[PDB]
Amino acid sequence: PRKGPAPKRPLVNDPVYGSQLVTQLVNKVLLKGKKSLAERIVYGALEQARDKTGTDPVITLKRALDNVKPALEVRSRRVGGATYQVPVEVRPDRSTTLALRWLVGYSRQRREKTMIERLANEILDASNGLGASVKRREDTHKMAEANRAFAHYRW
Amino acid sequence: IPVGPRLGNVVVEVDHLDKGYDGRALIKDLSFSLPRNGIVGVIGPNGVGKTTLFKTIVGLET
Amino acid sequence: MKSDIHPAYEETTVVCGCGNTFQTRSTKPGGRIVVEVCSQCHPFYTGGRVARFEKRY
Amino acid sequence: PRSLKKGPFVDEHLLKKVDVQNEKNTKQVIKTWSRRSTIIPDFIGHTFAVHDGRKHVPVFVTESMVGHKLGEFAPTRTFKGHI
Amino acid sequence: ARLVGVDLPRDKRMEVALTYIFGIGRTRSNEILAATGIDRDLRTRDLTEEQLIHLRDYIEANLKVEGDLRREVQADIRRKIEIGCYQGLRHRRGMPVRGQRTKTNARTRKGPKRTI
RNA sequence: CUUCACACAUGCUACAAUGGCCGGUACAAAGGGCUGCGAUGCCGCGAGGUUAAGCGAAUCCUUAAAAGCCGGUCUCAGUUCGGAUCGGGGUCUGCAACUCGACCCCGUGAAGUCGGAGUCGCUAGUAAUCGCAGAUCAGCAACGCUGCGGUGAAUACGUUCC
Ligand SMILES: Nc1ncnc2c1ncn2[C@@H]1O[C@H](COP(=O)(O)OP(=O)(O)O)[C@@H](O)[C@H]1O
Ligand SMILES: [Mg+2]
Ligand SMILES: [Mg+2]
Ligand SMILES: [Mg+2]
Ligand SMILES: [Mg+2]
Ligand SMILES: [Mg+2]
Ligand SMILES: [Mg+2]
Ligand SMILES: [Mg+2]
Ligand SMILES: [Mg+2]
Ligand SMILES: [Mg+2]
Ligand SMILES: [Mg+2]
Ligand SMILES: [Zn+2]
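Residue numbers (the UniProt record's numbering), protein chains in the order written: chain A, 2 to 156; chain B, 311 to 372; chain C, 1 to 47, 56 to 65; chain D, 2 to 84; chain E, 2 to 117.
It is worth saying that the hints were derived from the structure and are not from the lab. Be careful, since some hints might not be right.
[What the hints assert, rightly or not] Here are the computed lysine-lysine pairs in the DSS-like style, where the Cα-Cα straight-line distance is at most 25 Å:
| no. | chain 1 | residue 1 | chain 2 | residue 2 |
| --- | --- | --- | --- | --- |
| 1 | D | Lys81 | E | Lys114 |
| 2 | D | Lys28 | C | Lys63 |
| 3 | D | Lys70 | C | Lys63 |
| 4 | A | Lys36 | A | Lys63 |
| 5 | D | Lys81 | E | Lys13 |
| 6 | A | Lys114 | A | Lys136 |
| 7 | A | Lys53 | B | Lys338 |
| 8 | D | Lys56 | D | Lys28 |
| 9 | B | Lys360 | B | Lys338 |
| 10 | D | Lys70 | D | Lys7 |
| 11 | A | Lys36 | A | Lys136 |
| 12 | A | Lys63 | A | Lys29 |
| 13 | E | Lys81 | D | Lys56 |
| 14 | E | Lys65 | C | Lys63 |
| 15 | A | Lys53 | A | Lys136 |
| 16 | A | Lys114 | E | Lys114 |
| 17 | A | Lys114 | A | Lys33 |
| 18 | A | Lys9 | A | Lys53 |
| 19 | E | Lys104 | D | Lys81 |
| 20 | D | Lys6 | D | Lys56 |
| 21 | B | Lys365 | B | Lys329 |
| 22 | D | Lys56 | D | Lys70 |
| 23 | A | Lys9 | A | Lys29 |
| 24 | D | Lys81 | D | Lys17 |
| 25 | D | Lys28 | D | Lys70 |
| 26 | A | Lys63 | A | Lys136 |
| 27 | D | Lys7 | C | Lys63 |
| 28 | D | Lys70 | E | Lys81 |
| 29 | D | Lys81 | E | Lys81 |
| 30 | B | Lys360 | A | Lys53 |
| 31 | A | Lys136 | A | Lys70 |
| 32 | A | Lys29 | A | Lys136 |
| 33 | E | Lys81 | C | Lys63 |
Model the full structure from these sequences, guided by the hints.
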């Protein structure tokens, strides 16, 4: 932090679907170190993402991510007696991270029975611009467009 | 509006419903789960079957 | 008023699991009232504390 | 005596006090300090005076105290209320 | 169905349905459903009528179920209160009878907080 | 020293489906053992009981690791979640378990549906979770403390603010 920028860990491709996004997706479903249960859910939510679309599930996921990747998020700061949020431009590698927890994070609190389809019913709707994960990327934008006046506080 | 008892994780759920009348079939292939702590709006032009959808839910029309 | 406001009431043969049956009149539709216990599968015909240590306690 | 193998343990110095009086139909009072002892039905007929720390609280083993210890009849902590 | 005045529910297996009797848990239920042949997958909406009759005399010849089993419990409390044992001077006051810590915890025999 | 009209503090188990209960089946490490450890066989639903093989131990015993993996089942309910309280019957150590022990079995089936203002820990084999062993010790309030491994994350723009 305060000295320099910290080094970054690499990633290994998933054997079932060769893609960096897939192991990065299994890694954030993971609670409690139970890793193979987290790959028994992401595989079961991509394989069920072709039973009712028929297309390739990686291509479904590269576009449901592209409907939840933000590019302009907002970031609080205090000046005097009023504290007011300043919009900042988002670097690309942070964008894929906020997008991907917006998939898993809303999928826990849907209304189905098991996590195998709750992640599937959110990858489905975000590929068409429907779900609650897509609701936030515009509220992240609309909160940060309704404050464009404070755009000269880049710290 | 008075406050009622505690609402569970299910409210009401409708899966692949079909209902109309004789030749005039007004509901085909509808599936939804009705949410918890929200306000649900039914939008549709007249003569489409918005009142009859609540006949099935209340249970006066199978 | 002893006309067509009272419920339907015709004779009704009733059986139990004990096998003792009888024939009375009641409002069950079909003569089909079925019990699992009766008044002749039972008597009305003929019928800690100091017992603690007797298992050498 | 908690286990049924070794039988119901009751201290010896009170067993001799009840056997000397039960044979000739004599029901005195007995001063004792053996809270650990269990009720045998051998001394249904007469009373006791069990210790608590102040003074020997009297107890009359009537018919259904048996099985329980003597010391369940002396509460040893007073507590008659915070107010 | 109706085993002994107890109103067995519907659409629930017999492995769990007999547990609703006051006196049958998960272990005595497994030996009611072995001595009378009834398997551990039989739903309650398709019970045979005489198959319940086998089910209601193995219980009423060996076990003790309610009506008098509630009378077993509260009369055994009723004896301890009147003999004057300390454990019956403990049911008089709503305090734990098994030497539990009464300083910080023990809300269950007492009730929730009142902050006087 | 353990008492309770109540307040604080450190923990543990939880409120479930990334789960509960059943049947299969794998991969550890570091440790203790002659006042002992108890293989194996027989009996007991179970804690245990009883015989006695081997061993001052890289021998032999402690030992069978638990999560995990493959199948079934419950289908979102204060429940097949939860295991508190209380009845009943036992086992073990010990002169003795009543105030005041741990474990087992049977029935019961409490409060709780992710917690107000505030606040805490963690930058990598780390947090999170999963058991195993030791020191005290006759037995234990062993969920505590000291240790060991199994599985194994996310993020760090930056020094404006505390
Ligand atoms: N009792 C009935 N029998 C047959 N058809 C009916 C009956 N009541 C309503 N409908 C049909 O229902 C359709 C619309 O339902 P309706 O309740 O009128 O919807 P909305 O309330 O949205 O106007 C109409 O086509 C009408 O013909
Ligand atoms: Mg209408
Ligand atoms: Mg102390
Ligand atoms: Mg729930
Ligand atoms: Mg349970
Ligand atoms: Mg298992
Ligand atoms: Mg055996
Ligand atoms: Mg499974
Ligand atoms: Mg409640
Ligand atoms: Mg550091
Ligand atoms: Mg010890
Ligand atoms: Zn009869």
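Evaluation of the provided hints:
| no. | hint | result |
| --- | --- | --- |
| 1 | D:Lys81 <-> E:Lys114 | holds (21 Å) |
| 2 | D:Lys28 <-> C:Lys63 | violated (28 Å) |
| 3 | D:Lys70 <-> C:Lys63 | holds (18 Å) |
| 4 | A:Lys36 <-> A:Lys63 | holds (23 Å) |
| 5 | D:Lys81 <-> E:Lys13 | violated (52 Å) |
| 6 | A:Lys114 <-> A:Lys136 | holds (23 Å) |
| 7 | A:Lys53 <-> B:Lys338 | holds (18 Å) |
| 8 | D:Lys56 <-> D:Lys28 | holds (21 Å) |
| 9 | B:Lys360 <-> B:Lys338 | holds (14 Å) |
| 10 | D:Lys70 <-> D:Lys7 | holds (17 Å) |
| 11 | A:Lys36 <-> A:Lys136 | violated (29 Å) |
| 12 | A:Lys63 <-> A:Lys29 | holds (16 Å) |
| 13 | E:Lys81 <-> D:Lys56 | holds (24 Å) |
| 14 | E:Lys65 <-> C:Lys63 | holds (21 Å) |
| 15 | A:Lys53 <-> A:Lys136 | holds (23 Å) |
| 16 | A:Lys114 <-> E:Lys114 | violated (37 Å) |
| 17 | A:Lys114 <-> A:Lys33 | holds (21 Å) |
| 18 | A:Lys9 <-> A:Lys53 | violated (38 Å) |
| 19 | E:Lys104 <-> D:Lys81 | holds (17 Å) |
| 20 | D:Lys6 <-> D:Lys56 | violated (35 Å) |
| 21 | B:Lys365 <-> B:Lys329 | holds (11 Å) |
| 22 | D:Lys56 <-> D:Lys70 | holds (18 Å) |
| 23 | A:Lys9 <-> A:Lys29 | holds (17 Å) |
| 24 | D:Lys81 <-> D:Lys17 | violated (37 Å) |
| 25 | D:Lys28 <-> D:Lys70 | holds (20 Å) |
| 26 | A:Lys63 <-> A:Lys136 | holds (18 Å) |
| 27 | D:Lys7 <-> C:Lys63 | holds (13 Å) |
| 28 | D:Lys70 <-> E:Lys81 | holds (13 Å) |
| 29 | D:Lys81 <-> E:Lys81 | holds (21 Å) |
| 30 | B:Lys360 <-> A:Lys53 | violated (28 Å) |
| 31 | A:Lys136 <-> A:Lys70 | holds (12 Å) |
| 32 | A:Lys29 <-> A:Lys136 | holds (20 Å) |
| 33 | E:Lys81 <-> C:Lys63 | holds (22 Å) |
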